[PDB]
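Below you'll find only one chain, the form deposited without this ligand, shown as structure tokens.
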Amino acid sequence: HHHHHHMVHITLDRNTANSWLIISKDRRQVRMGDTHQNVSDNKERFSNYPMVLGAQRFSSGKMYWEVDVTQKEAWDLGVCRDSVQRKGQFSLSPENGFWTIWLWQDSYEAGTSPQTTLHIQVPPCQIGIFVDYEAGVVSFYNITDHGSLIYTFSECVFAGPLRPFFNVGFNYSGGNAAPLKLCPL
């Protein structure tokens, strides 16, 4: 792809994080902690899942960023509406304000309703995310495989400002402790 020139510097918003997440000093990395991380609760925090938002809000233009997923067993990545539900159980779908892909149990799926099987020959270590607000597009690229296309959501109805979206996953197995990292420009 040729989207690299729309690169944006994303940082994580601590206030939105599940209370078990550890966000680095530079706000560019996040991982699951092994306990509650000693923060106060607030209405922004994702309660049920190890999720966090980027600080940046997008309402126009073209944006691109990259995330390192090396050696993780499970994660979700993409964008979401600023007003998505934070508390309780919910599915990742465009109807609920999410445009995402994930890894779970050795398969990659797009967060459509119902979910769509992805066809990835080279397991990615870094993912590129492209948003074209005006066109209503969210695309995902396999940086490990020369930028090959993973998935495009088109005809998106964003219906609000967008925020970068992250889920480090569940780490019941002891094999999913590694961080998500925002990769440098």
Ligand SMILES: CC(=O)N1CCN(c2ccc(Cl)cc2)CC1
Contents of the next structure:
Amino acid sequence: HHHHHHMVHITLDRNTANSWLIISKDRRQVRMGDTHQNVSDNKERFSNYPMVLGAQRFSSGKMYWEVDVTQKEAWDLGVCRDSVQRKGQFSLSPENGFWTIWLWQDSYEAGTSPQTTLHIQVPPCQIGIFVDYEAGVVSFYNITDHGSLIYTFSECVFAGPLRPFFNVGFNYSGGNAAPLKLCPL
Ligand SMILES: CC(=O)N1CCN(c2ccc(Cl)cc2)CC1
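Given the form deposited without this ligand above, what does the protein look like in the form deposited with this ligand bound?
Let us now look at the entire complex, which starts with that chain.
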């Protein structure tokens, strides 16, 4: 792909984070803590899952960023509506305002309803995410495999401002403590 020139500098929004997340001082890295991180509750925080939003809101244009997923067993990545549900149980789908892919139990899947199997020969250490607001497109790229396409959501109905979306996943196994990191431009 040739989307690199639409690179944007994403930072994480502490106020949206699940209360067990630890965000670095530079707001570029997030990981699961072993306990509640001693923050007050608020209506923005994701309650049920280890999720956080980027601070940036997008309503036009073309945007590209990259996320490091090295040595994680489970994670979700993509974009979502600013108005997504924060509290309680929900599935990641375009109907609920999410355009995402994930790793879970040694398989990669796109967050359609129902979910779609992905075909990845080279497990990615870094993921590129491309959003074309006007075209209604969200695409995912395998940076470890020379930028090969993972998945394209097309005919997207964004229906609002978009935010970068992250889920570091639970760490029941003791093998998923590693962070998500926003990679430098
Ligand atoms: C609990 C803690 O402080 N940890 C564990 C997770 N860590 C980590 C960083 C990068 C990568 Cl690739 C893998 C794992 C940092 C140190």
